[PDB]
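Chains shown are a subset, placed as in the full complex.
Here the chain labels run A and B in written order, and each chain numbers its own residues starting at 1.
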Amino acid sequence: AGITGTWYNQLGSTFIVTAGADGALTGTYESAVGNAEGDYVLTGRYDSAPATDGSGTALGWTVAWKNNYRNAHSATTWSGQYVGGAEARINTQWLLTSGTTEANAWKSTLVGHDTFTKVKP
Amino acid sequence: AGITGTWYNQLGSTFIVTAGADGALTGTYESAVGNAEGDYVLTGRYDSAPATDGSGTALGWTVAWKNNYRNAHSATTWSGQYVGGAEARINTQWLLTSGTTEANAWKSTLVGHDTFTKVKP
């Protein structure tokens, strides 16, 4: 129940997600940067029975950057963990792969990290 | 239509996916390695209108490593592109995040790469 809701990262992007009882993540993502405009569909999975020892809750999700406004021919996955409590966070690393020619595949994938909080930066 | 079906990676893992008309990926993943046994639910997204210039089709998906057999308290995301043709491939990089304590969060995430083909290694 800690994951469902709206999350904001350090770039100004916004992430609205519903966490289903058995592990589904669904929602929408709006990026403040890049070749992106409006909301994009997201889907992912999370550990619906995490450890109870103070460990975070593992999760991940994907956005393909095609919507009613634009198609960037790219997709990002975020992998990370939810940490609950008063200053809850989802700490992630991400991989953004663009469709490329075979000759350019070596430079197809960017890597970065986003930290999400329940309140805006 | 090139993405739907069964895929095999260099580790001996197996990936069965359906690519929906508007960008959804759904299916199951069976890992040959790690703290894993049986099939796990996967969900993701792909670019349903890729470029037609020889560029690959961007995609990503997530597995949370909880199923009827085991719970590893972890999740992997694969980010990559589908390359069609006679020797079709899905070339990926992945991030595997384990739920950790805050003190151990610096070592929460493994990175690697998997190449998937339509035939077994």
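Note that in this section a residue touches a chain if its C-beta (ideal position, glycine included) is under 8 Å from a C-beta of that chain, and two chains touch if they have at least 3 such contacts.
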Where 2 copies are displayed, count of copies in the complete assembly: 4
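Note that in this section only the chains that are shown with their structure count from here on.
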Rotational angle, Cα trace of chain A fitted to chain B, multiple of 5°: 180
Averaged-CA centre spacing for the pair chain B and chain A, given as whole angstrom: 16
Interface residues, chain A side, partner chain B - complex: 23-25, 41-51, 53-66, 71, 73-81, 83, 91-102, 105, 108-109
